[PDB]
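Enquirer: Next come the chains, spelled out residue by residue.
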Amino acid sequence: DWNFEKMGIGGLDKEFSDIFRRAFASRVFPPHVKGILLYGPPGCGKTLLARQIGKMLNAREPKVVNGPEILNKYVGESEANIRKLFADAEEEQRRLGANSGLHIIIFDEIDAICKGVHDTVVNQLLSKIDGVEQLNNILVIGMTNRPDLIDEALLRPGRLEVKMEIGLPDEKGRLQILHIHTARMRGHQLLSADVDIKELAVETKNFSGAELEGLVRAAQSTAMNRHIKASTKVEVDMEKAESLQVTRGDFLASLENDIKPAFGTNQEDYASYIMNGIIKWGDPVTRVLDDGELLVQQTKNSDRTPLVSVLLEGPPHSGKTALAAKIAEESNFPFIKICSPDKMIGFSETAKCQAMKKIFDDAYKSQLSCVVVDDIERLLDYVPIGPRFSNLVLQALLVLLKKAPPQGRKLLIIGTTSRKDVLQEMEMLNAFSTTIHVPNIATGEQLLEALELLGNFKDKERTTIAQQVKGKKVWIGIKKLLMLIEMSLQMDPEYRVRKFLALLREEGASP
Amino acid sequence: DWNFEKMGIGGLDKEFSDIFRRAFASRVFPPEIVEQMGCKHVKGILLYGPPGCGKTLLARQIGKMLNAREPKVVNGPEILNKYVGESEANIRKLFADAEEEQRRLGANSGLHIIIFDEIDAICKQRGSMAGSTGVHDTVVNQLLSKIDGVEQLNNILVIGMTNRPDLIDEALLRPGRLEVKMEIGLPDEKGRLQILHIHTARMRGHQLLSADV
Amino acid sequence: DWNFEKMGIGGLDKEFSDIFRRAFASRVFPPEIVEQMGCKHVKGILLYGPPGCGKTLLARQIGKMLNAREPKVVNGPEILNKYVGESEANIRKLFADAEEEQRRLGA
Amino acid sequence: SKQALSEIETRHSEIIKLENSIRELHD
Amino acid sequence: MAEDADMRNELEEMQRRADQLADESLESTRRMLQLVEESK
Ligand SMILES: Nc1ncnc2c1ncn2[C@@H]1O[C@H](COP(=O)(O)OP(=O)(O)OP(=O)(O)O)[C@@H](O)[C@H]1O
Ligand SMILES: Nc1ncnc2c1ncn2[C@@H]1O[C@H](COP(=O)(O)OP(=O)(O)OP(=O)(O)O)[C@@H](O)[C@H]1O
Ligand SMILES: Nc1ncnc2c1ncn2[C@@H]1O[C@H](COP(=O)(O)OP(=O)(O)OP(=O)(O)O)[C@@H](O)[C@H]1O
Ligand SMILES: Nc1ncnc2c1ncn2[C@@H]1O[C@H](COP(=O)(O)OP(=O)(O)OP(=O)(O)O)[C@@H](O)[C@H]1O
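Protein chains in written order, with the deposited numbering: chain F, 212 to 242, 252 to 335, 345 to 740; chain E, 212 to 424; chain D, 212 to 318; chain H, 188 to 214; chain I, 1 to 40.
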């Protein structure tokens, strides 16, 4: 049949239709091709198609041979063996000529036939199939998993014409396979109603078919084992298991620990650069974000300024990278990436140059994009002694900052640092188009608002803190504020406020 | 005539339970229920772990637990032979009885055990290796084809153990051929207590041990 | 007829005492107590050190101190061979009489 | 295989038997 | 550059073809023919 689902296979409707259109169209057509090969990853049904094609055509029973079985120690027996194998159709061709049936030969694991002895055996088969006497009643189907280890000569035209392929099933194919292998369960009512096949099809990814069957078998096994007690002497529910109903829990368990996939996946870490969100502890944050939005719209709309850059400056422990990430996510450009020194530990200068070049090469392809670079001074490692740093990465940056992208494309660049004077000394402060400033907490009112937003000290403690602080100014970074709060939250309720004030005084300084 | 205490494995109490759950449940329930289920029995177990953990003990005890004929052990790479095309015959001679019986008694036959040992001495990556005359690739292909081929066999169980799984070839580790992949490992205080108790039982039973231990 | 002063080794008292304690102590006690205790004998020894100290002498003397079959001495890499699967056939020949006699005479 | 060599040997054993038979006839 | 140290080789023989029995068979058959001719 041409249904492709009656015989117990799914996921390759188009390939089956191609097989029908290309291979056997001539035979069906009112009154040829003599080479077929199959190759695909392990799993997805190949032997099934072999057996089905064996019983499909109104042809004689196919012969099944092995891969490494055509051999023998005594020179002479292998040649006689192949001769015996191929002797079947000779008599039929002799006695019936053109008006003869079709012969199907199945070679299993043919990859072991091509590699001295292997040369002669491949030559014998090669001559027999495509030699002086052309037989139009012989068809050979071979299958492998590693086509790389096959000879080119075996694949020339006139010998192996049709070269199909198999592939990992899609969601529809997985649903078809699950239907096929749960048909019996549904027919005998042994499957519970709470199970939802759509959820399983959505959840499972790239199981290549065989793993789906394994998962179904594992779920059956666990549902079967729930109704058996073994220790002293094996015993089973007997009658009570006659109503054994599988549950969603079994398909859950069989998926999370066993029946794992044979392939991998990827991971993302974009959540690591914001851990406490953003709180409006003061006016300047809104100003910074509004300026970022203006820059984003400027890069989006302009036509004769394709490249735009900005610099974020602020004393240490002032959350510059957090604002950089937030402004990056606000724009919602198609392509966004963050180049940070955390990945590159122990690298030389050349590796850093290559990494930056790769990131920018990726960024150039898309239409419009934005890139952010954080902690420049650590990227081109800097030490006040000497000073000392790298002169290759610096030039790479100074060149990449004023290189226009391909025609009709847009790139935005943001940079964050905490040492502006040094950058102005190296002359890199000229490249950037404009700069923005990130301040520190200055007035006690902003501090009190910050504590109120954090919600860690109550009205009495807050009043005491206000009395002790309103007559003073402050200079503190938000990250350090969180650290100090955590440090002072470790004492008993009696010493918390006094400890916090003591720590603030100890770290208390002026700009 | 069996009892979990008779084998004498200490510190591996959940691994054996998992193996019994996932490999021998199908063969114990009434045939009619299984036939209604239409499931196929597993045909492979793989074990690995650092030296001196209990793998071979598990294999021996599993072989002794069941019924029918005793297993057929293959000590390391004792299959290789110098004559051309003679290793394949030695590989194919192992499955002769299984093939014959499955052909003769349909789906009401006994059980045959095959215990491969130091499996990584034969089954290396097909494309790997160098020009060693190519015998190893032909061995791997023959084993792969015979374990699960066009002709179907469903009354054999194969156990394999090793010390470095990553060198086995992928085409062998897929559901159907060798599914369960355990990992025997170092014990913990409870396992250490169980092992110490196991190995000192008879001394306690014959009054050969002092009261201060 | 054995006596420690006959074998002629000097400066290796403690080492020999330790080896005799760990290795040949199981096989000298009356069998009944060993069976009751239920233990398996030790089947290995490794000797190492700098050149010229007395390893091979100890091995040879241990060879001429027991009442059993003569040792099978292997001189370096005697067991390699050019053909395929002929080193393994050489190795398996050493553990040949042991297996058959174990299966024949039990314990 | 060695089976071929054994088959040749049996062939020749039968030939020797025929040799003896014909020698007896001539005698 | 890195020069490969050299190489080492492994061997795998094959069955021999004595084909010497057929000679004895042929000699025997010729003797058959001689005796058969004489008997007539
Ligand atoms: N799409 C599918 N439809 C039906 N059965 C499938 C499908 N995918 C996998 N299977 C199951 O997996 C196996 C199909 O693979 P098969 O036995 O033909 O081996 P193969 O992967 O082609 O061979 P090899 O090990 O040589 O690569 C059977 O158990 C079949 O039940
Ligand atoms: N309004 C805010 N502005 C900035 N960061 C904030 C704000 N509210 C909360 N945070 C949190 O404060 C932390 C800021 O630490 P971050 O590492 O960004 O500081 P930094 O001074 O830019 O860094 P570095 O000193 O390592 O260059 C982040 O957890 C951020 O989520
Ligand atoms: N879990 C265990 N419980 C009881 N005895 C154990 C256990 N593990 C090891 N033993 C003891 O150690 C020996 C068994 O070693 P085993 O054959 O399992 O080693 P292995 O890991 O297969 O070694 P190798 O890697 O060298 O082949 C026996 O003495 C057995 O009593
Ligand atoms: N304890 C000893 N008492 C008496 N003679 C000794 C002693 N140790 C070594 N010798 C002398 O030195 C020789 C040591 O030879 P032996 O083979 O033990 O050296 P080795 O360390 O095994 O050799 P290699 O350096 O190749 O390892 C003996 O033959 C003997 O003459």
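Everything labelled a hint here was simulated from the structure, so no lab data went into it.
Keep in mind that the hints are not guaranteed to be accurate.
Here are the simulated EDC-like cross-link-like pairs (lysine to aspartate or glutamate), alpha carbons at most 16 angstroms apart as the crow flies [stated by the list, open to error]:
id : chain 1 : residue 1 : chain 2 : residue 2
1  : E       : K275      : E       : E216
2  : F       : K275      : E       : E390
3  : H       : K189      : E       : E297
4  : F       : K555      : F       : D532
5  : F       : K458      : E       : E362
6  : E       : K357      : E       : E281
7  : D       : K283      : D       : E246
8  : D       : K293      : I       : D19
9  : E       : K266      : E       : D224
10 : E       : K304      : F       : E432
11 : F       : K462      : E       : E216
12 : I       : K40       : H       : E194
13 : E       : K293      : I       : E37
14 : F       : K489      : E       : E390
15 : F       : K639      : F       : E715
16 : E       : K293      : I       : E13
17 : E       : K251      : F       : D532
18 : D       : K293      : I       : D23
19 : E       : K293      : D       : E310
20 : E       : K293      : D       : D308
21 : E       : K392      : F       : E578
22 : F       : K462      : E       : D212
23 : F       : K401      : F       : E381
24 : H       : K189      : F       : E432
25 : D       : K304      : E       : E289
26 : F       : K699      : F       : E678
Enquirer: Could you run down the list of hints and mark each one as holding or not?
Expert: Now for the hints, and whether the structure bears them out:
1. With a C-alpha separation of about 14 angstroms, the suggested pairing of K275/E with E216/E holds against the 16 angstroms cut-off.
2. A distance of roughly 31 angstroms separates the Cα atoms of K275/F and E390/E; the hinted pair therefore is violated under the 16 angstroms criterion.
3. Annotation: proposed proximity of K189/H to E297/E holds, straight-line Cα distance about 12 angstroms (limit 16 angstroms).
4. For the given pair, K555/F sits about 26 angstroms from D532/F by alpha-carbon distance, which is inconsistent with the 16 angstroms threshold.
5. Restraint check: the Cα-Cα separation between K458/F and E362/E comes to about 36 angstroms, which exceeds 16 angstroms; the hinted pair is violated.
6. Taken as a hint, the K357/E and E281/E pair is broken in the structure, with Cα atoms around 21 angstroms apart against an allowance of 16 angstroms.
7. Straight-line distance between C-alpha atoms of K283/D and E246/D comes to about 29 angstroms, which puts the hinted pair past the 16 angstroms bound.
8. Taking the CA atoms of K293/D and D19/I, the gap is about 27 angstroms. The hint is violated against a cut of 16 angstroms.
9. With a C-alpha separation of about 14 angstroms, the suggested pairing of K266/E with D224/E holds against the 16 angstroms cut-off.
10. Of the supplied pair hints, the one linking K304/E and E432/F is violated, its CA atoms being roughly 44 angstroms apart against a limit of 16 angstroms.
11. This hinted pair checks out: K462/F and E216/E have alpha carbons roughly 12 angstroms apart, not beyond 16 angstroms.
12. The hinted pair formed by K40/I and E194/H fails the criterion: a straight-line CA distance of about 33 angstroms is larger than 16 angstroms.
13. A C-alpha spacing of about 50 angstroms is found between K293/E and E37/I, which places the hinted pair above 16 angstroms, so the restraint is violated.
14. Restraint check for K489/F and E390/E: satisfied, since their Cα atoms lie roughly 10 angstroms apart, inside the 16 angstroms limit.
15. A hinted pair counts as satisfied when its Cα atoms are at most 16 angstroms apart, and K639/F with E715/F does not qualify at roughly 44 angstroms.
16. Taking the CA atoms of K293/E and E13/I, the gap is near 6 angstroms; set against the 16 angstroms cutoff, the hint holds.
17. Of the supplied pair hints, the one linking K251/E and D532/F is violated, its CA atoms being roughly 67 angstroms apart against a limit of 16 angstroms.
18. With a C-alpha separation of about 34 angstroms, the suggested pairing of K293/D with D23/I is violated against the 16 angstroms cut-off.
19. In summary, the hint linking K293/E to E310/D is not supported, as the alpha carbons are separated by about 25 angstroms, beyond the 16 angstroms threshold.
20. Our distance criterion of 16 angstroms between C-alpha atoms is broken by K293/E and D308/D, whose separation comes to about 25 angstroms.
21. About 44 angstroms separates the Cα atoms of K392/E and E578/F, which puts this hinted pair outside 16 angstroms; it is violated.
22. For a cut-off of 16 angstroms, the pair hint linking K462/F to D212/E stands: about 9 angstroms separates their Cα positions.
23. With a C-alpha separation of about 36 angstroms, the suggested pairing of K401/F with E381/F is violated against the 16 angstroms cut-off.
24. Proposed proximity of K189/H and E432/F is contradicted: the alpha carbons are some 59 angstroms apart, above 16 angstroms.
25. Proposed proximity of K304/D and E289/E is supported: the alpha carbons are some 12 angstroms apart, at most 16 angstroms.
26. Simply put, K699/F and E678/F have alpha-carbon atoms about 13 angstroms apart, close enough for the 16 angstroms limit, and the pair holds.
Violated hints, in rising order: 2, 4, 5, 6, 7, 8, 10, 12, 13, 15, 17, 18, 19, 20, 21, 23 and 24; the structure is consistent with all others.
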